[PDB]
Amino acid sequence: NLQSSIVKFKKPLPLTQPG
Amino acid sequence: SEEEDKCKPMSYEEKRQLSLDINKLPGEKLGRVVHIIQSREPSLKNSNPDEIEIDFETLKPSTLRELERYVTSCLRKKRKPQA
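Taken in order, these protein sequences are the chains called A and B.
Residues 1086 to 1104 in UniProt numbering are what the first sequence spells out, letter by letter.
Residues 601 to 683 in UniProt numbering are what the second sequence spells out, letter by letter.
Simulated from the structure, these hints should not be mistaken for laboratory data.
Just so it is clear, CB atoms sit at the ideal spot from N, CA and C, and this is done for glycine as well.
Among the hints, a few may not be true.
Stated by the list, open to error - No farther apart than 20 Å at their CA atoms in a straight line, the calculated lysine to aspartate or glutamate pairs in the DMTMM-like style are these:
no.: 1; chain 1: A; residue 1: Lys1096; chain 2: B; residue 2: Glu641
no.: 2; chain 1: A; residue 1: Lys1095; chain 2: B; residue 2: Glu641
no.: 3; chain 1: A; residue 1: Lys1096; chain 2: B; residue 2: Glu651
no.: 4; chain 1: A; residue 1: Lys1093; chain 2: B; residue 2: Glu604
no.: 5; chain 1: A; residue 1: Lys1096; chain 2: B; residue 2: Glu653
no.: 6; chain 1: A; residue 1: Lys1093; chain 2: B; residue 2: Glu614
no.: 7; chain 1: A; residue 1: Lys1096; chain 2: B; residue 2: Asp655
no.: 8; chain 1: A; residue 1: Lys1095; chain 2: B; residue 2: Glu613
no.: 9; chain 1: A; residue 1: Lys1093; chain 2: B; residue 2: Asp655
no.: 10; chain 1: B; residue 1: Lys660; chain 2: B; residue 2: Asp650
Unchecked claim - Here are some of the chain B residues that sit facing chain A, going by a computed Cβ distance under 7 Å:
no.: 11; residue: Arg616
no.: 12; residue: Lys629
no.: 13; residue: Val634
no.: 14; residue: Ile636
no.: 15; residue: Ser639
no.: 16; residue: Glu641
no.: 17; residue: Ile652
no.: 18; residue: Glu653
no.: 19; residue: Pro661
no.: 20; residue: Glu668
no.: 21; residue: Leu675
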């Protein structure tokens, strides 16, 4: 409801890559 | 009963601040940030490094506090960790 500061960022080096 | 009693919830202004400090943080430290978020929020395990979303509304005060604790320890000390 309340427009909150939803953040989106790109992180170098995909350490958390699911298999 | 102990956690929230010690760590009070972040207000909107705080959450905006944390959104701003995280944004000032470089890739290196973002690894720790996403680590704190992901490890506190196992539901957010699918945070693809190409598209990591931060939804503070699901983030427990625990995460919000540890995040803030970390971002401040980085930016307050080094406002520019990169040159």
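Status of each hint after checking the structure:
{"no.": "1", "hint": "A:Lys1096 - B:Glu641", "result": "holds, 18 Å"}
{"no.": "2", "hint": "A:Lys1095 - B:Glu641", "result": "holds, 18 Å"}
{"no.": "3", "hint": "A:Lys1096 - B:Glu651", "result": "holds, 8 Å"}
{"no.": "4", "hint": "A:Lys1093 - B:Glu604", "result": "violated, 27 Å"}
{"no.": "5", "hint": "A:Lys1096 - B:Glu653", "result": "holds, 11 Å"}
{"no.": "6", "hint": "A:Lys1093 - B:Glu614", "result": "holds, 17 Å"}
{"no.": "7", "hint": "A:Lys1096 - B:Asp655", "result": "holds, 16 Å"}
{"no.": "8", "hint": "A:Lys1095 - B:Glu613", "result": "violated, 24 Å"}
{"no.": "9", "hint": "A:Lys1093 - B:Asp655", "result": "holds, 9 Å"}
{"no.": "10", "hint": "B:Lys660 - B:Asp650", "result": "violated, 24 Å"}
{"no.": "11", "hint": "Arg616", "result": "holds, 5 Å"}
{"no.": "12", "hint": "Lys629", "result": "violated, 10 Å"}
{"no.": "13", "hint": "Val634", "result": "holds, 6 Å"}
{"no.": "14", "hint": "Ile636", "result": "violated, 13 Å"}
{"no.": "15", "hint": "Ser639", "result": "violated, 10 Å"}
{"no.": "16", "hint": "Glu641", "result": "violated, 13 Å"}
{"no.": "17", "hint": "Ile652", "result": "holds, 5 Å"}
{"no.": "18", "hint": "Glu653", "result": "holds, 5 Å"}
{"no.": "19", "hint": "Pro661", "result": "violated, 15 Å"}
{"no.": "20", "hint": "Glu668", "result": "violated, 14 Å"}
{"no.": "21", "hint": "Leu675", "result": "violated, 15 Å"}
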